[PDB]
Amino acid sequence: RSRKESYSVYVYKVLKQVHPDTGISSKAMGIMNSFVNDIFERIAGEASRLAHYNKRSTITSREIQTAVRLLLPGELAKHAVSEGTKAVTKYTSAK
Amino acid sequence: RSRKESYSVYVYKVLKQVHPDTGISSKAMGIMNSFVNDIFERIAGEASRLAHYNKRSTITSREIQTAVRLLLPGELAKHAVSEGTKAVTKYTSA
Amino acid sequence: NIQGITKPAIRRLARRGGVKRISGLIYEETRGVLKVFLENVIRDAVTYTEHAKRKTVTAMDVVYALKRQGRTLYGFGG
Amino acid sequence: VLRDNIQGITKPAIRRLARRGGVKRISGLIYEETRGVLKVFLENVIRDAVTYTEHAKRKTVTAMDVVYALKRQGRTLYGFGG
Amino acid sequence: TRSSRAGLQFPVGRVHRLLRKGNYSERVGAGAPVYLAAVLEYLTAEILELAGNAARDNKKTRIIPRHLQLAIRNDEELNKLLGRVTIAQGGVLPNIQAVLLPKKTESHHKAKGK
Amino acid sequence: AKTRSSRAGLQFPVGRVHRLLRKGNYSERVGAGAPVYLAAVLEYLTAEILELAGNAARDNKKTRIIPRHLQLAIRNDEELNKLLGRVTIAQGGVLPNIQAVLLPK
Amino acid sequence: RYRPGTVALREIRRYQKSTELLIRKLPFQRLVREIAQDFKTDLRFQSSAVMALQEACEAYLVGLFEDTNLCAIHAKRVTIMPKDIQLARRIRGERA
Amino acid sequence: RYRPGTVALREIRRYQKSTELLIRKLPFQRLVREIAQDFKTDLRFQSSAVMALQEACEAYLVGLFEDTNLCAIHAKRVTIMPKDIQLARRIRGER
DNA sequence: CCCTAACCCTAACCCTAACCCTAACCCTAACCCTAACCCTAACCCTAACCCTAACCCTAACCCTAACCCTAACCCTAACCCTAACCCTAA
DNA sequence: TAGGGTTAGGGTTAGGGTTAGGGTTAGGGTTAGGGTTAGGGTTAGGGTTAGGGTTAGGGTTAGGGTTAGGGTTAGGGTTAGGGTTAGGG
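Residue numbers (the UniProt record's numbering), protein chains in the order written: chain G, 32 to 126; chain X, 32 to 125; chain L, 26 to 103; chain B, 22 to 103; chain Z, 17 to 130; chain V, 15 to 119; chain D, 41 to 136; chain U, 41 to 135.
Worth flagging that the hints you see were computed from the coordinates, not collected in a lab.
Careful, some of the hints might be misleading.
Distance condition first, Cα-Cα at most 20 Å in a straight line; then the derived EDC-like pairs of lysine to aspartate or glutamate [stated by the list, open to error]:
#1 U:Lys-123 with U:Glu-134
#2 D:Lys-57 with Z:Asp-73
#3 U:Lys-57 with U:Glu-98
#4 D:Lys-65 with L:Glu-75
#5 Z:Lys-96 with D:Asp-78
Calculated Cβ distances over 10 Å to all of chain D for the following chain L residues [what the hints assert, rightly or not]:
#6 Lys-32
#7 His-76
#8 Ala-77
#9 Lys-78
#10 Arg-93
By construction, the Cβ of each residue, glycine as well, lies at the ideal position given by its N, Cα and C atoms.
Input sequences plus hints: build the corresponding full structure.
Structure (structure tokens):
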């Protein structure tokens, strides 16, 4: 018996946070997991490309922020950037 | 100053090997360098993807051979595979 | 096995795609296009299975070949 | 302030472009449609180059950032740059 | 845990371990995975909101692939972000063209001999 | 003897490709025969491209390689057109293949 | 008793509102195995791969039919022709 | 004195046999700078980037004109129409 | 007639035949990390066969979605002269 | 600053847009006739995992030989005049 990732508990928690009166199926969970994996792979590839182009070895939040600004269009990009900056400030202010 | 790669001397040597009566320009050299860099980047990406899919850490000649067989169509793929196997056998025997 | 795709199947596919009128050679052209696409996909899957040191084509190799060709597929596999 | 730059693409320029592309007859609104399409493409490319230059902590857009943006958009370009 | 400090629900250590194992860079930061987790959380929240809206409009209390396909094809931003994405058992939009219509009656029942 | 070019029978550098693969962070361990295979493939591709360019230059009554000859050799070969599909070459050119309808009749 | 060119919209809406499969299973599996036997013999399929390939082929055929119908509508013709699918395959970039 | 629809092939062959540039330089640079000034001001261009962008736009326009001419030929019409460029932009996938 | 592709004088025009020195490229000496092999058990893929019931194959029909001359007409680019706004180094 | 690639008024003629009717390859409903869909028997390879003895890639360390940045003029190709040869209204 091996062990798989299966991003399901966090998705269910987010769904119950935004709408506790609705649920999800196994096919929808697999679709959401594949979408999250594809987004993570694209973000990792963009960050690696930016690090190789900038002649740097480390990865900071600026690289992922620029990758999100480049992948996402406009309104979604600005919203994700604002939410990420808020989360970063909340994590920095509270150790 | 700095130092750049500039794949030019090897391309000129290959050109003189296949046709010593012709030459090359700077724009053609830059185009050939960009093409070689793009091919190398695609091969490296395919090898990394194959290594991540096969759950392995090392990279052997089989991964690059499969990447060439997948990227190249048919006749060019078979020719490149044969030339690579010949070069590998020549490097192993000597 | 090439003639397995019956005429009502292509008719239902065209009705689902929004086609209100079909000619005659459209069935044969779609059959040839599907055969070529299946040949390419099967060749890619065979190459992937040979690289993976296996014989039976699984769903993971199919997803990998679909991502390499440029058309991702969600739901099936992982 | 810069203005009247959208009408810089003259009619003979689009005529020569269509003659080079194999077009033997041009209508009327084709020039305006091609101008709008080129403007949209230039806007997208310039936005991508500006994002790349802002990520690189620079201001003047170089040829390397242009090549990177062209490769990200999906259309590689050889010869110019490296 | 980082979920009680950053105010999120997606795991950060999992993304950090995946980035360290994927061999994407030599050094992976600590705020970058938090930013990626926040972006993924916002995207998942938006997708779940769209799916819930589609399910409520379709008189359903569950999330089916049809609702996800409808919410993806309806939003212009989601269609541009996920262009060449094929969803199994999803569906298509029944947007009939203006020409593909029964049109008006010509000569009653198209008969000139009456 | 001292270099890999005299042992493998090639001219492209192998240590350069190995160093580029080690610095690109593509994998944890990069082999030694894999860079030789990549160098051989690149050498064969460069030889084929140079042969096509020389043939185009000889057909165009020229003794040099210009981007026009490279574009012509790329667009003429069906395999090179499939390998390099969406590739734009600066100062290359297009093919003057007039359609059957676009004629004075 | 109905008139032609009127009941087709009902069937179109019925096929569009449903998300079921139209292509069969045994003939598709037989064709896939016959195609795979040309390259390397002694090949097996875990059913799920054949279903994924069938779904991908269905999506590709749906997209091709949509593009052909749009091109025919633009060309002032409700019906389709082999030249329409040729123009579709030429403009889309997939071969020729 | 010649007839219409006959001397166009000579100009087409003359423009196809040449690999020179048709778009100017100063108006293109002015338009590029005016577009770049909308996002962030105080921007400079090292000429080579503008030439690369002009070459890319020329290649894109050539491809679009080729696709439009092919679609018009298939539609039994030597001339082009805005509906032809709309069909081209719709089938090609770009918006 | 009106251009149109084909041979000999030169004047700029752009690559080629050796050079040189600086980061970059291969061998040797010791070592553990992860590559394919057989010992191995049971769960999934496959072939001939009853069923009986929805639909695929042929058979007469007549009518409207298709196409080839008529005859009235208004839309687009063959010159060419005028004028103004792109194209060239400092 | 200077000069040649843009800009515009004249005009008549050739190509998209509307008309009118026929006949054939496409719809639409009906009934006699295989092939697809599950339903249900064991098995002959096929893929996964743990333990033990091996051999090629990743850890400093000096030393050399060749690839990157100048000097100059020389040798393939652009441009400058016509004279002869041929595509067409």
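Verification of the supplied hints:
1. A distance of roughly 15 Å separates the Cα atoms of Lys-123 of chain U and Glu-134 of chain U; the hinted pair therefore holds under the 20 Å criterion.
2. Proposed proximity of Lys-57 of chain D and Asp-73 of chain Z is supported: the alpha carbons are some 15 Å apart, at most 20 Å.
3. Taking the CA atoms of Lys-57 of chain U and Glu-98 of chain U, the gap is near 16 Å; set against the 20 Å cutoff, the hint holds.
4. With a C-alpha separation of about 26 Å, the suggested pairing of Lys-65 of chain D with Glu-75 of chain L is violated against the 20 Å cut-off.
5. A hinted pair counts as satisfied when its Cα atoms are at most 20 Å apart, and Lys-96 of chain Z with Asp-78 of chain D does not qualify at roughly 39 Å.
6. With 10 Å as the threshold on Cβ separation, the claim that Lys-32 of chain L sits away from chain D holds: the shortest Cβ distance comes to roughly 12 Å.
7. With a cut of 10 Å on Cβ distances, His-76 of chain L stays outside the contact zone with chain D, its closest approach being about 13 Å.
8. Listed as outside the interface, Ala-77 of chain L is consistent with that label: its C-beta sits roughly 13 Å from the nearest C-beta of chain D, beyond the 10 Å cut-off.
9. For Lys-78 of chain L, the shortest C-beta to C-beta distance to chain D comes to about 14 Å, beyond the 10 Å cut-off, and the non-interface label holds.
10. For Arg-93 of chain L, the condition that its CB be more than 10 Å from all CB atoms of chain D holds, with the nearest at approximately 13 Å.
Comparing the model with each numbered hint stated earlier shows that hints 4, 5 do not hold.
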